[PDB]
Amino acid sequence: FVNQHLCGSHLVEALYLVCXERXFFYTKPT
Amino acid sequence: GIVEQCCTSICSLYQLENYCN
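Chains as they are written, first to last, in PDB author numbering: chain B, 1 to 30; chain A, 1 to 21.
Treat the hints loosely; a few may be bogus.
Only pairs whose alpha carbons sit at most 20 Å apart, straight line, appear in this in silico DMTMM-like list of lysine to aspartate or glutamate [as the list claims (entries may be wrong)]: (1) B/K28 with A/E4; (2) B/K28 with B/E13; (3) B/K28 with A/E17.
What the hints contain is simulated information worked out from the structure, not anything from laboratory work.
This is chain B alone, in the form it adopts within the complex:
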């Protein structure tokens, strides 16, 4: 992977996949 700009639930849909068990947390409202 060298190019896959993702935003909204899409950008996390990738995070939700990378983990899929730990329950990552998008720090957007940080």
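Let chain B serve as the given structure and place chain A on it in line with the hints.
Leaving out everything else, chain A in the frame of chain B:
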């Protein structure tokens, strides 16, 4: 945070992999 890196730059599942908890 990463919004400007995953929404503007490239979001590699490897870099965001450190966003687990």
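Hints, verified against the model:
1. B/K28 with A/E4: Given pair B/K28, A/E4 holds - Cα atoms ~10 Å apart, limit 20 Å.
2. B/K28 with B/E13: Holds - the C-alpha atoms of B/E13 and B/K28 are around 14 Å apart, at most 20 Å.
3. B/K28 with A/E17: holds (16 Å)
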